[PDB]
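Student: The residues making up each chain are set out below.
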Amino acid sequence: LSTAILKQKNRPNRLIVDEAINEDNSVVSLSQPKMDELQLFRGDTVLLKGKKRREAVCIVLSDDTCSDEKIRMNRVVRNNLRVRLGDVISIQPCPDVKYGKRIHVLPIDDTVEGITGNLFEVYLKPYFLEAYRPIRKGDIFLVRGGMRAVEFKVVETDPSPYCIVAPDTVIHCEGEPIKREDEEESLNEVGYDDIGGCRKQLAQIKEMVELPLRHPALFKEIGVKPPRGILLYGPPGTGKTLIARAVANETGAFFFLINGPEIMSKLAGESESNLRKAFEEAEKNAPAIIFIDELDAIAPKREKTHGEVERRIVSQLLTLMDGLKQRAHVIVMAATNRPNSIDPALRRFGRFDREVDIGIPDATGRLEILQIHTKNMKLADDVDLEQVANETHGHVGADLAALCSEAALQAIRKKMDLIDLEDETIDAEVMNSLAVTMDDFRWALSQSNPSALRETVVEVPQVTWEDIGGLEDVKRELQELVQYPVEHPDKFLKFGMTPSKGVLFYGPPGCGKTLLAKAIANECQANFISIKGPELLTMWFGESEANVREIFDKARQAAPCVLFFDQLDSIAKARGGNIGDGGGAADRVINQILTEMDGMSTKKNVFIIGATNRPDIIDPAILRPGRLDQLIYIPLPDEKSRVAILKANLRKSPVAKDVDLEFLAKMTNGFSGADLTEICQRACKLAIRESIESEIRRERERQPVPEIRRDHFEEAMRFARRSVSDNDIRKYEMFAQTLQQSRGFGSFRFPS
Amino acid sequence: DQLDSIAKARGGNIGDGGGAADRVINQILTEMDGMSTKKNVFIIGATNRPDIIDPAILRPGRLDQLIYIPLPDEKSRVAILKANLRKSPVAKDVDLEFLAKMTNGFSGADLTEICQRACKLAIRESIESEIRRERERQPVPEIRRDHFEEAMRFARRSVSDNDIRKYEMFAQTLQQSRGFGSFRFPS
Ligand SMILES: Nc1ncnc2c1ncn2[C@@H]1O[C@H](COP(=O)(O)OP(=O)(O)OP(=O)(O)O)[C@@H](O)[C@H]1O
Ligand SMILES: Nc1ncnc2c1ncn2[C@@H]1O[C@H](COP(=O)(O)OP(=O)(O)O)[C@@H](O)[C@H]1O
Ligand SMILES: [Mg+2]
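Order-wise, the sequence lines are chains C and D.
The first sequence runs 12 to 714, 727 to 775 under the authors' numbering.
The second sequence runs 577 to 714, 727 to 775 under the authors' numbering.
Mixed in with the good hints, there may be bad ones.
[Said to hold, decoys possible] DSS-like cross-link-like pairs, simulated, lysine-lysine; straight-line CA separation at most 30 Å: (1) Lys505(C) - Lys754(D); (2) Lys754(C) - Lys754(D); (3) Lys658(D) - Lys505(C); (4) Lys315(C) - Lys217(C); (5) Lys614(C) - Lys658(D); (6) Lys505(C) - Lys614(D); (7) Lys658(D) - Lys615(C); (8) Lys315(C) - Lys614(D); (9) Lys505(C) - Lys677(D).
[Said to hold, decoys possible] Rough simulated footprint, nothing fancy, chain D against chain C, three-plus residues with beta-carbon under 8 Å: (10) 492-502; (11) 604-613.
Hints listed in this document are in silico derivations from the structure and should not be mistaken for laboratory results.
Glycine included, every Cβ here is placed at the ideal spot set by N, Cα and C.
The task is simple: from the sequences and hints, build the whole structure.
Tutor: What follows is the structure, encoded as structure tokens:
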């Protein structure tokens, strides 16, 4: 019942907006049973209320084709109401409307440029002649006529705001021309419906701000003071400032904007006086809303601040919020990236009473954000927004906006070829043909990366599941590790068990441990963070452990995310190794990771994968189920596997049919995966050597090798050698034996 | 959560960082039990390896109770399996009592792994089954016994017998110096 406030409810006044048939800018049509329900007569003047606090007046008529639940209204009033077809409006009778005494109108520049004749005679008088048009202060209405229609705005009325344009009502159009920029900016103002995925957060913010202002009698009856401070926190791009703008636009209360840095002043006492002036102005126009952005910069902790100016600024803000003189009807909103950096005294009651967490949207939230951002763009029928929403695993609202913008830019880049790119004008046909398609969104998805993880980005060599030869059972567990919890979450809820998200790769060098991680980076539908082992460690005392939390929090923020620790033995050690180990910092890095993988915090869809050459030196606590659940042995490839490895390496290469890969696999009894790749790499170099030597001969006489041949492999083999010795293998075969001999050595079967 | 990190033996590493690690132990020492009056603040810590713990931290008045949480016996292994599956629909025919007897050195985390792996095998069949239905059109209500059977063959005990003995050795030293074993007042 937290979002019981959002439910628009079923009301007679709420009318679905639909197109009009014969109505002009001052009349609307309704169904006769609806007038019988609302007790309206044909010809009554009415109030129509739109989003972002817009209002209109028209004349209500009867339409026999009108659905009872819909209202007919033309494009002019729809733009006046900031309402599109399918939305809802509120309708109520408009009494006591008097004939206008004087109305002031002004044209729109983009509709009037090139029109030099008398605007009044050509446009206004025929439009208003004997019509008695009801208009409001601020209406935007279109008048046809002459060479081009000229758009008009009402700026002043007598009386205000509602009048009937009678024949005697003097109409004048002299004044300063209106700028197109103001009209377009008003159109593109942000509303509540612009927010996406913050339904719970929007519920909370609405309860704090909108409800007390609209219905003070309720809080007076229950006899409590509603919360007067809201703190919005979360990762960047979640919509904190956007929610601020939406609240500012959709409230009939004074809004003041404060930016943490811009309040500062070198001269002593002027920043405190700036804060005092802002709060004095807000109290002057009470009720008022104050938004302080980047509150961390203005208001850090007083205890850990050496600057006197910063401490006194925090104290001044603290006193303004909850001093002796309680602020009457001022709601202070604040937004910050790091709520912990804020002075704890500010996070009290009476000062930012209810902190609101703007989080990363889920699959449904990102679909809503995509629909919001793509409404202004033209989409082909093939475009699927559900698929794109499902693909953007770690994306935040700003990331989704960047994705939409990148798809739009790619559409123009596709239309690049036709135009010369330097013509004075572009031909109208190619402009009309330009439209975004699904392939543009797919390209943007390939290019787009979450803003949170722009640091942990590495270019990967584009390895696909086919490029890995053998390891079929190792592969199958690897799709199922990531796909099952993300693609079928409901199944785990059904059977009631959490997924197992830990995997460790151990084996002899060069057998495919790193290559599998490259495959996961591309094929798996989840964010990928690649971590080298010693990259976390830092010479400072607390930095090495802090970097561990930063990496794990990035994965939690952008879940589902695969956290791959290459050479995990560098990070993870048996603990208690040497007296001098950088002061025990490596021993202390272990204890920080053990809490991140499995600690007193809720589990997220973070998949920790680690590859190590020597796995016996790993801390036993790391190998525990719940941290690294599965221990997969990546052994030296067998003759069946070696057959596939040769195919995978030479698939792109043109190789003669005379060569058989089966004989290659049979001869190499103990070669690793890298050894077989070096054999194929050596074959090209000899083929390269022969090919260039041939062309130089052919060029010399003036002044061949289409495919890799059998004698190249025979020549390349004699340089090849086995990378991993038997004594190295026995170490790895020994560790797997301990795991098998521990349990599962005897097949386990239930009794009949 | 990991008390051996913040509270380690002093003097083990000479020149450890700036010496800050040893001074933090001193700060914890005074805060837990010092000249100030003690409120109702209960300090609870967990550590994998308690041998590196500073003996001062272990002194009564600071973590006075040293609770040893050993590997579950057979009776606990039944409870651990039931506790994991209390919200999980399982077949009646599967007997959790047998599973406890087969596993001997399995941890509570290891037992959950068998149950979790059993769930993933069932989910694999359910996905494949619903794929087959789509092919013919154009399943697994509860966890079955064969799902646990295939899960167990991948299972393995995480704590080695050597890793156990480092804990019995620490536990025994407490009991070795605990006194004359059982204690009865004269008469
Ligand atoms: N199964 C395989 N299929 C295809 N290529 C393979 C396979 N195994 C190894 N390779 C080749 O081995 C090389 C590197 O292997 P990879 O990086 O996966 O090994 P690693 O054992 O994880 O690494 P390292 O031991 O060198 O730290 C690449 O040339 C890759 O093509
Ligand atoms: N929930 C959302 N719905 C619609 N658009 C969003 C949402 N969240 C973010 N955006 C888009 O991303 C941008 C977010 O930037 P903003 O939230 O102002 O940054 P910050 O959170 O650091 O103040 C906005 O310009 C908006 O267009
Ligand atoms: Mg490697």
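Student: Measure nothing beyond the straight line between the CA atoms of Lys505(C) and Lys677(D); if it is 30 Å or shorter, mark the hint as holding.
Tutor: 28 Å, holds
Student: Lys754(C) and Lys754(D) were given as a pair; does the straight-line alpha-carbon distance stay at or below 30 Å?
Tutor: 24 Å, holds
Student: Can you tell me if the segment 604-613 of chain C counts as covered by chain D, using C-beta to C-beta distances under 8 Å and a minimum of three residues?
Tutor: holds (count 4)
Student: For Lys315(C) and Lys614(D), compute the direct alpha-carbon distance and say whether it is at most 30 Å.
Tutor: 27 Å, holds
Student: Check whether the Cα positions of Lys505(C) and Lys614(D) lie no farther apart than 30 Å.
Tutor: 48 Å, violated
Student: What's the verdict on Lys658(D) and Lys505(C), does the C-alpha distance respect the 30 Å limit or exceed it?
Tutor: Answer holds: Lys658(D) to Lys505(C) is near 17 Å, not above 30 Å.
Student: Between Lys315(C) and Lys217(C), is the straight-line Cα distance small enough, at 30 Å or below?
Tutor: Not satisfied, since the Cα-Cα distance of roughly 35 Å exceeds 30 Å.
Student: Check whether the Cα positions of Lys658(D) and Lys615(C) lie no farther apart than 30 Å.
Tutor: 24 Å, holds
Student: Are 3 or more residues of the segment 492-502 of chain C near chain D, judged by a Cβ distance of less than 8 Å?
Tutor: Per the Cβ count (3), the hint holds.
Student: Can the restraint linking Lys505(C) and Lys754(D) be considered satisfied, given a maximum Cα separation of 30 Å?
Tutor: Distance ~41 Å between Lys505(C) and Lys754(D) Cα, so the pair is violated.
Student: So if I understand the rule, the pair passes when the alpha-carbon distance is 30 Å or less; does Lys614(C) with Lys658(D) pass?
Tutor: 21 Å, holds
In this structure, the earlier hints numbered 1, 4, 6 are contradicted, and the remaining ones agree with it.
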